[PDB]
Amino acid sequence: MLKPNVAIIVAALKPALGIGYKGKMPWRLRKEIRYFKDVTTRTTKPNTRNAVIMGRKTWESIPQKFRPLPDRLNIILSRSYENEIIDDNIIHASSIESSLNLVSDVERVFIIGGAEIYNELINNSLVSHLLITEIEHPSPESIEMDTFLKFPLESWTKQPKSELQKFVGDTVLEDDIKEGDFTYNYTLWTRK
């Protein structure tokens, strides 16, 4: 695949854009996990599937029994990896672009974490779309967090919900979803 448009998908707590704590997610939002699965798995063309790219540490954080994530091509990046096809579902690579040379019959490509991957790849021109779940809490300061997004959002535009709906197709997008003390919304951003 030559120069595909890539999208980053992440869930972050406003206003600091915290994303983790001690190698884990600082929340358990059941509906958000379901959204993440639907958006990353659905395709429109026929014999296609999407690709999900993640850093080695995120891959290792998924219980062995539950990886690879089903119905998607999984790509794992490590600076110590040679570019190799493990099986039909797993690729090892040392750079996003080298990995893509090894794929065919992929519709969309998603970067799924973690922090180091996000913070570095946001500045790569292949990234054309950010799918950010904006999480709000009454006391964000009480949620322990150690890992944060460092995105230059002044160079990006938040689109109207209509544009997101067109992006996701069929997926149901509920507004102001509440789960315990958290309230969240799905958003789409594109470059200015």
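Residue numbers count along the first chain shown, from 1. For clarity, a rigid core is taken as the largest C-alpha set superposing within 1.5 Å between two forms. Shifts are known only where both forms have a C-alpha. First, how it differs from the form deposited in another entry.
- Only one entry in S139, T44, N47, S162 has its C-alpha moved by 2 angstroms or more between the two forms when the rigid core is superposed, and that entry is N47.
- A displacement of less than 2 angstroms separates the C-alpha positions of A93 between the two forms, with the rigid core held in common.
- For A115, the Cα coordinates differ by under 2 angstroms between the two forms after the core has been superposed.
- Taking 2 Å as the criterion, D105 counts as shifted between the two forms: its C-alpha moves by at least this amount when the rigid core is aligned.
- After superposing on the rigid core, the stretches of 3 or more consecutive residues whose C-alphas move by 2 Å or more between the two forms are 45-47, 95-97, 99-105.
Having seen the form deposited in one PDB entry, could you now give me the structure of the form deposited in another entry?
Single chain only below; no partners, no other molecules.
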């Protein structure tokens, strides 16, 4: 049985693993936006592309002129949708199982959020990598939030930086990136 190559990509504030407040991210991290773009857009060969899968709320939080996310197939989930290919760049899917059946033309698949989607996928056997941007701040409790990852990190193994570099290819991975009061690092995890 052929299966797609799927990873979760997310940015979280430690230690609680907070992901959002209201319907947005509690930070604006310049370099992290760029990493996100590169990682999700990069392919091993030209004239190929990846897909991104998101929840309706995340699609909606993207300003209209900036959607779909360029250079990648965008897949949007809503329990109100009918499976439908809108154009070459946008597909509507009515369940996770269908979403994973609509990625036949891409190289890699990235689950890009939000909370409910992440929580639904982390226990799917198809997900073989977690790409976590671990964020730190002097006083995390000062950062307001209502959305958290509920991942069983004990059943995942954080890999050495070398393994991440293997996955991201040519992208530069700086350590301990500072922006304002935040410090962060990109990480890669595999299943135990």
